[PDB]
Each structure stands twice: as structure tokens, then as C-alpha cells.
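Engineer: Below, each chain spelled out in residue letters.
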Amino acid sequence: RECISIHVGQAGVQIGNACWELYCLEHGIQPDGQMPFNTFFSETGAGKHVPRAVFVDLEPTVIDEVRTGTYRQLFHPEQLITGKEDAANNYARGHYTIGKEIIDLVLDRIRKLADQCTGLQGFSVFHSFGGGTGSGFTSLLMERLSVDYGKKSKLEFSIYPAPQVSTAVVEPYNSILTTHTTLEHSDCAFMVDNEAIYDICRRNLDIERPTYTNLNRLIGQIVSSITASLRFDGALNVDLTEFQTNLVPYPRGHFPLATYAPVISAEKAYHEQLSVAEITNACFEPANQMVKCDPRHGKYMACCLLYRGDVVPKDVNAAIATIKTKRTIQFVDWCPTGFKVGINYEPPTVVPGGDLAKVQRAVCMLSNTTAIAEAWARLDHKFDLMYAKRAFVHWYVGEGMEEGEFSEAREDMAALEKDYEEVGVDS
Amino acid sequence: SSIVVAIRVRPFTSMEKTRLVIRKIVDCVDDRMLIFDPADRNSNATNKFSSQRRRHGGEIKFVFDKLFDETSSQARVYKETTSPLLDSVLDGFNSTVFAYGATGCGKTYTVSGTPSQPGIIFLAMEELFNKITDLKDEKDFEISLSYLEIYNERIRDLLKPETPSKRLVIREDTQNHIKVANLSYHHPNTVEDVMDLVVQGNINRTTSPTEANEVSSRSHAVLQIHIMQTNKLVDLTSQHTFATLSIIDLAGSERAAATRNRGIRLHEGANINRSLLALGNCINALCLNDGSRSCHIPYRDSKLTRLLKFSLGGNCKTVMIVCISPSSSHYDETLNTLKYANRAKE
Amino acid sequence: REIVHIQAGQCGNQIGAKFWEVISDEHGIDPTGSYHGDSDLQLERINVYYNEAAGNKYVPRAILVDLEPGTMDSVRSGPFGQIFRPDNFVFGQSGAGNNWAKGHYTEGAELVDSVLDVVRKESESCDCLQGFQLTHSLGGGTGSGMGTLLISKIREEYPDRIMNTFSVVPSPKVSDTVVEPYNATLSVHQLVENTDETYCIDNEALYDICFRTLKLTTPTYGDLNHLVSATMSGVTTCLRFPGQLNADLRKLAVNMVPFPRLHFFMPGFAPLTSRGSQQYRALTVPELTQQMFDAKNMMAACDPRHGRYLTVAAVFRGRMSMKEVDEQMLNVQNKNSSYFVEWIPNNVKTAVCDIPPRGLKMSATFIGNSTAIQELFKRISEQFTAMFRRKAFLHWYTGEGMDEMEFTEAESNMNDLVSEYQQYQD
Amino acid sequence: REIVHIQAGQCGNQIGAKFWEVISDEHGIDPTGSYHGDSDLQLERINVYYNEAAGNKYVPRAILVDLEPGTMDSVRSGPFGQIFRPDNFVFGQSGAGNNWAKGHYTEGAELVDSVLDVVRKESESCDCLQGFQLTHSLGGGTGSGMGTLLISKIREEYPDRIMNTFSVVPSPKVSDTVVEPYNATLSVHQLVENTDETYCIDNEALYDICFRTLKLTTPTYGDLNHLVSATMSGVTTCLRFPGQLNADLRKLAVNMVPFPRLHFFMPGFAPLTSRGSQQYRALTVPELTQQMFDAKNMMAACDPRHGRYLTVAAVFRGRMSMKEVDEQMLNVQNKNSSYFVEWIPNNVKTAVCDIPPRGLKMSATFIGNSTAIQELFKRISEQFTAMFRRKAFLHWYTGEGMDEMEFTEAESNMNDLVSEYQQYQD
Ligand SMILES: CC(=O)O[C@H]1C(=O)[C@@]2(C)[C@H]([C@H](OC(=O)c3ccccc3)[C@]3(O)C[C@H](OC(=O)[C@H](O)[C@@H](NC(=O)c4ccccc4)c4ccccc4)C(C)=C1C3(C)C)[C@]1(OC(C)=O)CO[C@@H]1C[C@@H]2O
Ligand SMILES: CC(=O)O[C@H]1C(=O)[C@@]2(C)[C@H]([C@H](OC(=O)c3ccccc3)[C@]3(O)C[C@H](OC(=O)[C@H](O)[C@@H](NC(=O)c4ccccc4)c4ccccc4)C(C)=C1C3(C)C)[C@]1(OC(C)=O)CO[C@@H]1C[C@@H]2O
Ligand SMILES: Nc1nc2c(ncn2[C@@H]2O[C@H](COP(=O)(O)OP(=O)(O)OP(=O)(O)O)[C@@H](O)[C@H]2O)c(=O)[nH]1
Ligand SMILES: Nc1ncnc2c1ncn2[C@@H]1O[C@H](COP(=O)(O)OP(=O)(O)NP(=O)(O)O)[C@@H](O)[C@H]1O
Ligand SMILES: Nc1nc2c(ncn2[C@@H]2O[C@H](COP(=O)(O)OP(=O)(O)O)[C@@H](O)[C@H]2O)c(=O)[nH]1
Ligand SMILES: Nc1nc2c(ncn2[C@@H]2O[C@H](COP(=O)(O)OP(=O)(O)O)[C@@H](O)[C@H]2O)c(=O)[nH]1
Ligand SMILES: [Mg+2]
Ligand SMILES: [Mg+2]
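Residue numbers (the authors' numbering), protein chains in the order written: chain A, 2 to 37, 49 to 439; chain K, 9 to 29, 86 to 106, 134 to 437; chain B, 2 to 44, 47 to 360, 369 to 437; chain D, 2 to 44, 47 to 360, 369 to 437.
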């Protein structure tokens, strides 16, 4: 029942920081690993349990922050893999010249972890699409990892190149090149828009000035509910492969949206009275989508609802019945139902120094929909435009990345878009 | 005006014949009509239902101006395409011959091959020389030969590497005259000596010592024939013009990253791909801007594009040549270079 | 990693001297080379610009090149004579005298090896060489001659490393030589071909900024160089400490050059305000971007609003909201959609570092790849042409072995540069 | 929300200086810009008129425009030189010299952008711009020239925002220029077309008030401007704190302009009494309305009782009974039914704010849209005509490129204004 986490570039690492902070909080584990859970922490005889994680950055910077900051004592030094020269927002360099120089070490460290791990369920990769050290390197690693562990589940939690705003101008390229690897090798991928989150921080948490710290904490909190939640023994312990069983209808379509519906400020925690139906209803409102997408313009393929803390199955069922009664949101016509429920007994995790106020229960939604496919069209336009001018193409050609690879990457993305169109239309 | 795209393959040998269990990816079904095989009926998956695949299930149709195959002899393939280019040179404007492919795909072999067969350079001189001696009684022939290699973005004197690259500067005139600095220029006294210099050049070319192609030229080269014929008669219009024929060669390019791609292999590999990009930029700009009204072409991307500033772009004609492999071991490379040729066509 | 800083000519040396003042102060380094800073992050990447000599003496990873002894003397006599290493002081025969051919082709060429030997010595003291930074003028003669001379030589040694330069551009109304076009044209001819990124700074533009915004009664060269040094630091400051979004010379190039050759940038710096007006500052990200995208605060003479933005880098300093920054970037591109090149989806590349410049609560620096810069090239080309048509002053270069062909070739190639920028402007 | 205050010309600047004294005092702001008030409501809407700079320094959302350096100097040398922001001090070439064409058409036109840039900077520091307030004279030349010049420019930028102005009107018996009609006529010609509301204040009327009611031995400009500033505050005071009935520039316009073009208002102020007579005051709503509807307390020279009231705004300050106020409004309209325009059912718009002017127990301000004001326009038009018939002084504007057609067109259009007010009077 154990798993391995992987972190790349800067984003994957920073997100990881939030995740491992949460896990420590959940299990009472100290910054030096001391406990005063074995699926995240390798058992240590001294009590200093150590994270099952691989950290990669071709420019140690963010890892040095970890090495010098808190939880430097938590993580094992062998896990903190760094390079010398960064990929620098170039998928091709991360994929090849630079990334390939450490990929051997990376795989060796993974192997050690996998040899230590008895009941390995799968992996959880944290990456972006912007940087090459995230995008390109992950592409390399996932291919290699897929070969070694064809029977293990590969989760990818990605930071989706936001449609409204971004920070690098060559993102479209790195994003589209990643797509044909993730779609090929991953078992389930998640796409998260920073801008959608910032918007959530503004509206729900009432934050005028939001940053990566709080943003990442929300993302990590979702992952806790997806994974760690199961490992606390609830009423309905839905397996990670059980998620796939019910969420995924085809060989493809590995793109669920992960939302969190108890997002709430400390002030609201006093006035607001939440419950099962209230929170469940909130997660189907085109506001907490965690991505620039409006479900109301597509259909629901599948929807897993994960509950934590003080919930009962009766109310959950009733809320779902109400949703199906509402009939505002559309479901795939050839999918009789699409609702699956996971239930914990353990409460929601609270971050000291956070904002997300303490609640008695929580809901996460993992939903497959045809609406999300529209987001790729926006990326297609961005790509097509820059591609038409071959802008920045020489940075990938300088690596040796075949021009035709870009056209192939697009076609694979377009295929994916087409599949979702067929799902919604056909009956 | 408009350019011509022509294509041909190496062959398959006992190395491919031994491999009984393989499906070919190249199938020329007619003249100018290439079908990319084989779709997808694989036993390594399913695919026993209405296809939801992007292209893995269909066939890719490539249409060119003159597609050839292993059946057609280079004696015809060359002349069919370049006999008019040679004549074009003498129509008041210059011309040029291109090539394309991955390393080991028949460049070096197709320009000449085993020393008993015809090829690009041999037939160029064979045909021209016959025309020279037939027309020697009408016009005076002052023809010269320019030799050139490109390696690490550096211009080398193909025949005399003893001269430093600083002594080679690529310029062009407003008359489209080829202005290259101190270079060992020679004359086409006979094809034997011409080809001997070509061999001397190929010896001097700086090669790979890595892959199975370890002769592997790994450098570009351009051989330019500068024809300055003059009149034997005196009259009011007696002003015979001049023009040239560029023979373009490329290093060859392997998959984005090879299993031992280190150091100088990365460095030159980048320089090769950058040079190929530069050609792609200029070719695509040229063709698209011929469709449009204004032609701004990025001739400064490479020294080759400076070298071809007018050979590729002026009031002239050229043929694109691409070498194709029928093996699935070159599936991506061949397919991508086919698309390249088609984009160059349009 | 480590970066080599080479200074060439009086101009470049004076700018560099101010630069090393700034970053030594930034990293807590006193005039002995000893570290007495208050942070630990000052030593986290001190290796980038300093050798750690026995006794913890931090020694500028820099090479001081000049052909006019006396300027080099003023460096040794200055506060950093105890800082710079003596074998990095490279000088000999008297200077070019605004003669590019003397600087590049002949007299300077004789002393190339004395520089390159030091380059090698510096390289082999490094754990990972990232690239080179050259500081020089574009018309001085020695700085512009030795500049492109050394650039060529260095790239031959390190073809895969980053060639960065900060070049002071001939300004319309600020002169001091009548062959400024000859030297600039001959220089840029070789600059483009052998450079990965170059920054164009006009003394005239700085003269305007240092009064219009800083209200200086007597703007001196030490103040103009100070403005330059601020932006020089910003370019690489991201490499020397933690930040929300990292950045790099390579990263910038990847996001700043869309077309190989178009790697000329305009530099700018945020909070520009006089000491009596600082009390009226809001010190907000909005405020900073108002200044960063203000044409009047650009250190190139050409006003960006006559062209378009191929791509922009906005590197911020200090604690701030990532959303706040992103919002402002969006507002800017929405505000002037006609200025930004539509071929790019997100026209602005951003980066945010956790540490503001000591004494500032929050700052930033601006790097613009605009098409407007073509106009500076045009102006210079016209001046060059006018003289060249009469072969004016040509004998000064003829006597060094320079022919006419070089000059016509250079200009032809300068026209290509302008044409390319115009190609990508509507 | 936020409102921009622009001052134009010496007159406008002196009035504005007094205005900012008043409201800074109202909101507890000292001469450093620091807040030391006793209420919390002083900071509730401080953003309306102040930027909050680092250190809590509150900076007038105002632009200081003049063409005569020296007046601007007196502002900087005054108590608010530490208050106003230095980049809001816009001045250059010497002033028009009572030449409207210099102020609007030529010399002033050259410096428009230097104002508008500041306007934009102010706009982008706002969360929600409501409108603009212009303070100027109607005959000065620069204040009247730059006035309508900037009004046109600003509306082009912000056509949907509120254009408010406080204009000092040429007074029958109080002069200082013989081209007062030329400047006024040329000004109002453009004023009407581009203004949403304008207030007409006569120095003569104030000269009368400041003696008749305030018994001042030596009424100075600082005292006349003081009277003006009181009413200026009242117009927008409702926006800056709580009240039983809110009010607004828009709200007023909606209830004060019945016919698009007729947006000229007479201003007044309640408790007007000398310091020896204040002890005899009742301080009741009745008393206040007796003063507010007293023709002698109107700050326009024209006596309202020669015309009719199209609509009246009565804005009250401090704790009071809503019924008491309503009763008095009824009594007034019943008392002088012949004065009020019968076409309107309730001729008086009221508002009541919870906070009186510091030091007063209860106050109010009066805004009247009367038809009587037409007589001021007539008088000026007649003076203009008499001169214009001889083309007197015309060469001063001819030399600036102004033709006769403008002058005849302006007067024709001035006649329309008067005619319209007469149309709506019996
Ligand atoms: C009391 C106080 O806050 O003083 C400020 C100050 O008044 C102002 C006006 C500073 C001042 O800068 C100048 O007046 C200036 C002089 C010549 C050329 C350019 C600028 C200041 O001198 C500059 C100084 O800058 C720094 O300390 C930065 O770390 C800066 N350092 C240097 O440039 C430097 C100067 C001397 C010796 C060593 C370094 C820096 C900026 C970017 C990257 C690295 C370092 C600061 C904040 C101030 C003073 C001291 C008055 C300003 O400039 C900078 C670069 O910060 C000018 O507009 C800004 C706004 C600041 O508020
Ligand atoms: C002991 C005492 O009660 O003194 C009163 C006073 O004697 C009288 C006579 C004041 C006095 O006003 C004048 O004498 C005056 C001088 C020049 C121009 C106009 C008026 C007073 O000066 C004015 C002052 O007004 C205020 O405090 C208001 O808040 C007013 N403030 C200013 O005008 C102001 C003056 C100087 C510096 C900063 C602001 C205000 C009114 C409307 C909107 C905002 C602010 C008051 C009540 C008084 C004194 C002090 C004697 C009166 O005026 C006002 C505007 O209240 C004149 O008739 C009223 C009746 C008042 O009772
Ligand atoms: N959600 C989230 N996104 C981040 C965070 N940090 C960076 N990003 C995003 O990730 C993008 C770049 O991803 P990375 O792979 O981490 O970039 P990098 O680590 O510098 O790797 P290279 O850029 O290739 O050198 C940025 O444009 C951001 O949009 C973070 O902390 N949280
Ligand atoms: N049409 C052909 N028939 C028989 N042999 C061939 C043919 N084409 C290529 N070859 C052989 O394959 C080997 C040649 O590779 P070539 O020399 O053809 O590679 P290349 O394109 O010049 N490689 P590179 O220099 O790396 O770009 C030669 O020894 C040839 O004999
Ligand atoms: N920015 C800046 N430019 C300078 C300075 N001093 C000189 N220059 C410029 O540089 C040019 C001279 O370059 P210089 O270093 O003297 O070259 P050299 O004379 O060949 O050694 C002049 O034309 C100036 O425009 C300075 O302190 N700062
Ligand atoms: N209300 C008031 N009006 C003034 C004051 N000073 C001047 N004026 C009037 O404004 C006119 C001059 O305007 P001014 O600001 O000097 O315009 P400018 O001369 O063009 O700059 C004079 O005719 C006066 O009637 C003052 O302090 N208060
Ligand atoms: Mg990185
Ligand atoms: Mg070869």
C-alpha cells in the first residue's frame, strides 16, 4: 500500500514542500523525521522516519533552499538530486543534453526506494509545463520509469500553463511536447491552473495578495485527500487503482480535475455553517474548479467524491441525488451513473501558519469531463501562432529537437481533443 | 521561378532482407505519389474496432513534383531533374542542386557512389563537357570551380585546408556574382581531375568517428561551377553574360539525441541542425513569400544561406533532393524529412 | 556556477569599477576583500563573481583590459586596487586613439594572448563556467576594437558558453569623436555574429533619466555608470540568491531571443525617483511597472513606442505577491496591445527574487526586445554613410591594413539587422 | 471612489490651496501629510482625495497647472509645499498674460501632455475614478485657456466620468482686465459643450457677503477664497462620511440638470455671521434655510429673485431631524411659489450628512439652478459685443491664429444659453 513521490524543477519541489509539511502534520512527524504512515515514510529504527521521495533540479538552488532550510533533517541527502547547469525553460535540453546526465542516478535512487518498498502501488510526480527541467526532464523520466515499472500506477500532478497569464513565453512549446509523453505513459494526470487558484484565494479565502506559498498549500491539501486520506482507514477506502477503475472509461482520457470545496477563511469559519450537502454542492460550482474551465459547457464523464471527517453515507447519497435532480450540469448520455464515493474518518488537515480555516469535514472531487478539453484549444492557438513564425525554434533545434516532433506533438494533442468531442456527442 | 521537389531511396540489403519480420514504411505507388506505410494492424495491442487513432491506422499521402524510387536509375533521375538546371544556368541566370537526409542515407553514395557508377557530380560534368565540346565551335568556354566545406559554422577550403578559415568570406554582388575570398579555385579540364579533386575534398572533410557510418562525412559542402562563356563574333550586342551552378551538400542529421551524443558530437550536431534550420527558414520564407508580394528572407541565419543568397531565391530554378529509407528504424527520421520536403514544396 | 567579467576600454572600466562597487556592497564585501555581511545568502553564490583566496579574500572573477596605461593606474589607485588581482591588469602599448583597427586588427591583436592566458586561468579556477560578460563602449576604439576581438577569441575557446555584453551606444547628441560611426559599424559587424545577448545603452538617454527622474544638478559619468551598474546587477542577480521564480542568462536568452540574430536589448530600472520625491512613493508592484514600461525610463535613446515589443523580461526584487505581479503584466499587455507583438501570446517573461537591493523595500529591472531599436542603427548607419561616401578618415584604417570592402560589407550587414527588425514590425 | 482635483491659473491655485487647507483639516491631516485626527470616519473615505504613500503620508489627488512660474513657487513655499507631490507641479514657459489663445490655443497647448501624463498616473492609482474637479477663473487667460483646453482633453480620455468645475465669473464692478469678456466668451463656448456641472462665483458677490454678513474690515482674496472653499467641500462632503441621506456629484446632476445644457449653478453656504454676532445665533434648521434661501448670501452676483428656480439642492451637515428639514423645505416652496418653477413638483433636492464642519454644531450648503443667472451672461455678452464691434484687442488673438469666426460663433452660442434659460422662465 506504499507509494513514491517525485519532484522536478522548482515548482515540483516547492509543491513537495507543502505536501511533506502536511504529511508531517498528519502523522506528528518532526523536521528531523522523528515521530513522537509507512506509505510515505520509510520506517526508521531510531524513530526518524524518512520521506519516500526523489527531488530533482538541474540547478540546485531550490534544493539548496531545502538543504539549508527546515526539513533538511527530514529528507535523506541521497534523495536530493541536483545538476550543475539548468535546462532553462527548454524541454529539449531537459529531455536530452542536460537531463540525461543525471537520469541514471535518478533511476538508481528510485530503484533503491522500490527495492525497499514492499507493496508498491505507484508514483506521484509533481511537475510543471513551463520549465524544461520540469517538462523535458519529466518526459525523459516517465519514459524510463514506465519501462521499469509497467505494472505500477503513475500519477502526474502538473501545473497547467494558464490560459490568461504565464511567466515564460516559450511555455506552449514545452507544454505541447510534454503532452504526447504524459498521454502515452501516465496512468492518471491532473492539470492545475495557478490563475484559477489565485482567483479562488481572492473569492473564497478573501486574499488580495496571494502567492505560491498559499497556492501550493491548497494543491498539497488536495493530494492529501486523494492519497493519504485512504491510508488513514475510512469507511470507503477507494484504492488508487480503484479510482482508475471508475474514473477512466477508456485507454485514454486521463485528465481529472481535482477540486476542494471547504475553502474558507477564518472569519467565515465562524459565520458559515457547512455540512455534507452544502460542501458537495459547492464543488460542482464553476468557481472552485482549480482550472480555467466551466463544466457547464461540457459533460461529466465520471466524478469521485472524497469525504473526510464528520460525514455519513446517507447525506452523501442524498446530496448526489439532489445533484442528479438539479440536472443543470450534463452527464455523458451513455454513462448511467458517474458518482463514486470515498469516505474517511480522519478530519481535514490544518496548516499552522496557513489560512484555510479548520473544518470538521472536507470534500475533494476528482472529475472527468469534456469541458476541460477546450483548454487545450487555447494552448493550440498559442502554439500554432509561435510555431507559424518558428519563434524561439532555434533553442530546440540547437538541442537537435526535430522540427517534425513539434508537428507530431500537436497532432497527438489534437487527437486527445477529438476523443473528448466524440465522448460527449456519441450515444 | 518555382522550385521542384524530387525524391529517391537507397535500397534494402541483406541486413533488411534477413529481417523477415518487419513491415515496410515506404511505398511509392506512382510517379510523384508516395504512400507512408503501414497504418496499424499490430498484434502488440488491439485495434479491432472503428479507429480512434490520429494517424496510426491510416496512411500518409505525400505528393511531390518528381518522386522516384530504387527502380529508377540515377542516370535518369539526375538528368530528368538537373539537365534543365544546367541549361537554366545558361539562360541568363544561375542554378543549384540540393540534397537531404539522416546520416547513412546515401549522401556521398548518391553524389557519386562506388567508383564505376554515375551520380550528381559525374553526370554534371559528363553532360556539360559534351555540351562544351559540341558548342566549342560557337562560344568560348571559361569555366572555373569553387570548392567549399561547412563545419562548426566554419568555412573551410575543401581542397586546401592549409589555408585558414579567416581567409574565406562569403559575399554576393548586385549582379549575383559569387564573391568568395582567397580560395583554391580550379578548372574543369577533365572529369577525372575534377572527380579527383572531389575525392581530395571528401578526404579533407571532417568526419564522425562514432556511429556505424564512421566514414560519416558529418559536414556540409558546396561545389560551384562558374561559367563565363564569351562570343566568337563581333556585333552590336556582343556582351555574353556569366552564371553559375551550385552543388549543395549536407552533413547529415541523426535523431535529436544519440545514445553517445557527447562533447563535440553535441556541438557539431547542433551546428548541423542549426544550418538545416537556416535552410528551412529560407526555403519556407522564399516559397511562402513567392505566394505573397514581399520577400524578406533570413539569409543571415547561416553562412550557407549567405552562400545561397541568390542561388536559392533569385530569378532562378532548383531541385530539392531527399534521400528516403524504407526501414522502420528510420520511421521518425524519414517521416519527418518527408514532411519537410512537402513543406518546402508548398 | 561562475561567470567571467571582462572590462575593455576606459568607458567599460569605469562602468565595471562602479559595478564591482555595487555587487561587492550587495554581498557584504569590504575594500580588503573580506566578508562582513549580515546574511548567509550573500555567501551562497559568492563564487559566481569571486574567487575565495586564502584568508577568505574574495577576488573579482574579472579581467581588466586596456591599451592606455593611466586608466588602469586610476583603477589601481582607486578603492578596489586592494580588491582586483594584479595579474588581471592587462595593458601595454598606448591606446588606439579611437582607431578601431588599432584596437582590433593590429596593436590590440598583439596583446590578445596576454588576455586569453588570464581567461584560461580564470576558467580553470571555476567549478562550472556559465558564460562571459563584456563591458565596453561601441565607438571608443580600444573598448570596441578589443571588445569584438576578444569576443571572437573567447567564443572560439568557449563556443557553447554564453556571450553577454553591455555596450555603450553612440548617442545622437552626446559625442566626443567624429569616427564614432566607423568604430561602431566595424564593431557591430563582428558583434552580432559572435554574441548571444547584447545590451544597448545611450549616454544621452541616461543624461535625460538622471535629470528627468533623479533631478541631478550635475550628472557625472560616475552617476551614469551607476545607473548602468544597477541594471547589470539585475540581469544576473537572480543567480545569486533565492526567489519565487528563478532566472538566468540562458533562461532570458531562451525567452528573449525569438529570432537568433535579434538579441539587442534595451535596459531599464525600477524605482527612479529623486531623494526629495522618494517620500511620495507608494512602493507597489503597480508603481514599479508604471516606471518599467515608461519609455522615458529606458536607457536606450530610442523611444520604444515607435516600434513593437518582440518580448519583454521583467525581473522583480523582494517580497511580493505573484498574483499581483501577474495582474500588472496582464494590465500592461491589455493597455498597449498595439505595442506588443501579437505573434507572441505572453509577451512578458517574469521573474521574482526574494531579496530587494539593500536599502530598497522592493525593486525590479527591465529588459526589452523592441523593434524600435532599429532606429538607432539607422541613425548611426546614416552618419557612417555620409562620411564613407567621401572616404572620410579612411586613411586612419587604411594605414592599419583595413580596406574599403570591410566597411561596405559591414554596412550591408548592418542594413540586414535593421531590415530584420523592420520585418518583424508592423 | 476617488476624485481628481485640477487647479488652473493663479486664481484657481489660490482657491485650491485654501481648499486643501480646509479638507486636510477636516480629515485630521497635518502639514507633513500625517494623520492625527480623532475620528475613524476621517479615514473612511480619505482615499477620495489622498493617495496613501508609504509611511501613511496622505498626498492630494490633485494636479497643479500654471504657466506662470512664481505662483507655483509660492505654493511650494507655502504650508502645503510638504503636502503636494512635486511631479504634480506642472509649469513651464511664462503665462498667457490674459491671452486666452495663448492659454488654450498655442503656448498652453504645447504643455498639455505634461498634464495628461500626470492625469493618467493619478487615474491608475485609483480604485474607481468618479470624475474631475477643475478650479479656475473665467477671464484670467491661462486659467480660462488651459481650463477648457484640459477639460476637452480629459473628457476625450474619460467621456463617461463627471466633469465638475468651479469657475470665478467676471464681476460687473470687480475687474483687473479689459479683455475679461473675450476670455470669458471664448472659454464658456467650450465649457458648456464639455462640462457636466459648473459653478458660477462672483468676486463682487463675495465682497458683498464678506462684509454684509461677516463684517470684515479688510476682506482679502484669502477670505474670498475661503468662502469658496467652504462650498467646494460641501459639494462632495457627502461622499466622505455617513449621513441620513447620501449625495453625489452624479446624484446632484441627476436632480440638478433637467435640461442637458442648463448646468450652471449658484453656490451658497449656511451659517454666515460675524464673530460678535455668533452669540445671537439659534443654530436651527429654520435659521439655516433662512440664510440658504437669502438672495444676499448667494455667491453669484445675480440676485435669484429676478428669475426662477429650476431646481435646488440643499445639503445639510450634522445631527438634525429629517422631518424638521422637510418642513422647512415645504415652508420655503409655499412662501415663494412664484420663484420656484412650477414644472417641477418638488423643487428642492435635499441631503443630510451626520457630520457638521468641525467647530460648527450644524451647517449646510446651497446649490441653485436658477434662471436668473442668464443675466450674468447677458452683461458679459454686452461688454464683449461693445468691444467686438470695433475688433478691440482682437490682434492679440489674431496673432495667435484666432479668427473672427470663432468670436462670432461663441457669442451666437452664448446667446443660445441665455435664450434657453429665458425659455424656461416666465
Ligand atoms: C535613505 C534611502 O532610502 O535612500 C535611497 C534613496 O533615496 C533613492 C532615491 C536611491 C539613491 O540612488 C541615487 O540617487 C542614484 C545616484 C546615481 C545613479 C543612480 C541612482 C541612493 O543613492 C541609492 C541606494 O540604493 C541602494 O542601496 C541599492 O542597494 C542600490 N545600490 C547602489 O546603487 C549603490 C550605491 C552606492 C554604493 C554601492 C551601491 C542597488 C540597486 C540595484 C542593484 C544593486 C544595488 C538607496 C536605496 C538610496 C540612496 C543611498 C540615497 C535611488 O536609486 C537606487 C539605485 O536605488 C534613486 O531612485 C532610487 C530610489 C531610492 O529611494
Ligand atoms: C469659536 C467659534 O465657534 O468660532 C467660529 C466662528 O466664530 C464663525 C463666525 C466662522 C469663522 O469663519 C470666518 O470668520 C470666515 C473667514 C473667512 C471666510 C469665511 C468665513 C471661523 O473663522 C471658521 C470656523 O469654521 C470651521 O471650523 C469649519 O470647520 C470650517 N473651517 C474652515 O473654513 C477652516 C478655517 C481655517 C482653517 C481650516 C479650515 C469649514 C466649513 C465648511 C467646510 C469645511 C470646513 C468656525 C466654526 C469659527 C471660526 C474659527 C472663528 C464662520 O464661518 C464658517 C465657515 O464656519 C463665519 O460665519 C460662520 C459662523 C461661525 O460661528
Ligand atoms: N503552482 C506553482 N507553480 C509554480 C511554482 N513555481 C513555479 N511555478 C510555475 O512553474 C513554471 C516553471 O516551472 P519549473 O519547471 O519549476 O521552472 P524551473 O524550476 O526553473 O525549471 P527551468 O525553468 O527549466 O529551469 C513557472 O512559470 C510557474 O508558472 C509554484 O511554486 N507553484
Ligand atoms: N543506393 C545505395 N546502394 C547501395 N549502397 C548504399 C546506397 N546508399 C548508401 N549506401 C551505402 O551506405 C553507406 C553509406 O552511407 P552514405 O555514405 O550513403 O551515408 P551518408 O549519407 O554520406 N552518411 P552521413 O555522411 O553521416 O550524412 C555507404 O558505404 C554506401 O555504399
Ligand atoms: N557610459 C560611459 N561612457 C563613457 C564614459 N567615458 C567615456 N565614455 C564613452 O566611451 C567613448 C570612449 O571610449 P574609451 O573607453 O575611451 O575607448 P578608448 O579611447 O579607445 O580607450 C566616448 O566616446 C564616450 O562616449 C563613462 O564614464 N561612461
Ligand atoms: N476668487 C479669486 N479670484 C481671483 C484671485 N486672484 C485673481 N482672481 C481673478 O482671476 C483673474 C486672473 O486670473 P489668473 O489666475 O491670474 O489667470 P492668469 O493671469 O492667466 O494666470 C483676475 O481677473 C481676478 O478677477 C483670488 O485670489 N481669488
Ligand atoms: Mg529551473
Ligand atoms: Mg557522407
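Think of the hints as simulated: they come from the structure by calculation, not from any bench. Even for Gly, the Cβ is constructed at its ideal location relative to N, Cα and C. Please note that a few of the clues may not be correct.
[To be verified] Sample of chain A residues at the chain K side, in silico, Cβ under 7 Å: (1) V177; (2) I276; (3) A278; (4) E297; (5) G412; (6) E414; (7) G416; (8) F418; (9) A427.
[Said to hold, decoys possible] Cβ pair distances, simulated, as ranges: (10) B:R322 / D:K124: 48 to 56 Å; (11) B:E415 / K:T254: 36 to 44 Å; (12) K:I223 / B:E420: 56 to 64 Å; (13) A:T82 / D:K124: 39 to 47 Å; (14) B:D163 / K:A303: 22 to 30 Å; (15) A:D306 / D:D329: 33 to 41 Å.
Engineer: Give a verdict on every hint.
Structural biologist: Cross-check of the supplied hints:
For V177 (chain A), the interface hint is violated, since its Cβ never comes within 7 Å of a Cβ in chain K; the closest pair sits about 30 Å apart. Interface restraint check for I276 (chain A): the shortest CB-CB distance to chain K comes to about 42 Å, outside 7 Å, so the restraint is violated. For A278 (chain A), the shortest C-beta to C-beta distance to chain K is roughly 49 Å, which exceeds 7 Å, and the interface hint is violated. A hinted interface residue such as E297 (chain A) counts as satisfied when its beta carbon comes closer than 7 Å to some beta carbon of chain K; here the least separation is about 32 Å, so the hint is violated.
Hint on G412 (chain A) holds. Least Cβ distance to chain K is approximately 4 Å, under the 7 Å limit. Interface hint status for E414 (chain A): upheld, as the beta-carbon distance to the closest one in chain K is roughly 5 Å, under 7 Å. Taken as an interface hint, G416 (chain A) checks out: its beta carbon lies about 3 Å from the nearest beta carbon of chain K, inside 7 Å. Of the supplied interface hints, the one on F418 (chain A) is violated, with its beta-carbon coming no nearer than about 10 Å to a beta-carbon of chain K, more than 7 Å.
With its C-beta approaching chain K no nearer than about 4 Å, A427 (chain A) sits inside the 7 Å limit, and its interface hint holds. Taking 48 to 56 Å as the suggested C-beta distance range, the pair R322 (chain B) and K124 (chain D) does not conform, at roughly 25 Å. In this structure the hint that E415 (chain B) and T254 (chain K) lie 36 to 44 Å apart at CB is violated, the actual value being about 23 Å. At about 35 Å, the CB distance of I223 (chain K) to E420 (chain B) disagrees with the hint of 56 to 64 Å.
Remark: the range hint 39 to 47 Å for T82 (chain A) to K124 (chain D) is upheld by a beta-carbon distance near 43 Å. Restraint check, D163 (chain B) to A303 (chain K): a C-beta distance of roughly 27 Å satisfies the suggested window 22 to 30 Å. The hinted window of 33 to 41 Å between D306 (chain A) and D329 (chain D) is violated, with their beta carbons roughly 51 Å apart.
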